[PDB]
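A single chain, nothing else alongside it, follows as structure tokens in the form deposited without this ligand.
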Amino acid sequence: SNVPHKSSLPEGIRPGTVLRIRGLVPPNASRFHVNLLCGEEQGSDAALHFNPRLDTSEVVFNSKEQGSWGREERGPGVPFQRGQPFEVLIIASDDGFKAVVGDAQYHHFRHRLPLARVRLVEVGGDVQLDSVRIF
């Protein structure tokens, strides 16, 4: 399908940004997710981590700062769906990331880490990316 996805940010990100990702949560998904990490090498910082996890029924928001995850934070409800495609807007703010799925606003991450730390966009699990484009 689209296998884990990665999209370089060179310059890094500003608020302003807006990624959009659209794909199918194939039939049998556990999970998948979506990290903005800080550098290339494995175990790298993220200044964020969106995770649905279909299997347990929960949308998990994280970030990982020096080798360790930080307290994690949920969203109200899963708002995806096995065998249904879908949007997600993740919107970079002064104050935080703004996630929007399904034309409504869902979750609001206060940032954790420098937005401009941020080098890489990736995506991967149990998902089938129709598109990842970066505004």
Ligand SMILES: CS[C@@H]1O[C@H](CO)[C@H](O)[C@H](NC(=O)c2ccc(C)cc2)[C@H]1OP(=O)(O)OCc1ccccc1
The other form holds:
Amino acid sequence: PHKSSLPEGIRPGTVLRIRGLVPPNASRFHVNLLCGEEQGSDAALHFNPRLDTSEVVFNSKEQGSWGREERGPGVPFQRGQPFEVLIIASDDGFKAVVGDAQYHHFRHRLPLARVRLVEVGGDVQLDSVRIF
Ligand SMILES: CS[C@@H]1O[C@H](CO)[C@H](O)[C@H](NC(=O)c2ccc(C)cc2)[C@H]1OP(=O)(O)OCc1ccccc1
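I have the form deposited without this ligand already, so could you send the form deposited with this ligand bound?
Let's see the whole complex now, leading with the same chain.
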């Protein structure tokens, strides 16, 4: 798993660019926007492409409890193909862009101000996480 500290946190206008490869026969992977470094800390966003079930799940986690899942329109990821994702913070939520297309808007469930860390985990071969 990859961890990126957010020394200025995430503000409206902060862009996370995540580049990587979905390996052959990948099951699923995730990008988490976390509210602490501790194992089990709250997730403001859990972005979860599931290649094995052909879904992309969006959710939040508070005090160890998951919220209600949102699902994106289709799966803009392929086993054996590289990807580029933008997670863009606005005042009203996160915009997920995949490749050259706006994909999903996730309304804030936790305060933006609480986000401290970006974690990338699961069956993905990460190239880079950049914060702009
Ligand atoms: C599929 S249900 C649940 O959906 C959630 C979004 O609403 C999350 O995607 C959650 N995933 C996770 O909690 C998770 C954590 C770490 C890693 C490396 C991979 C996955 C995921 O939990 P998990 O995949 O552990 O649940 C299935 C399960 C539960 C108990 C025993 C076996 C499998």
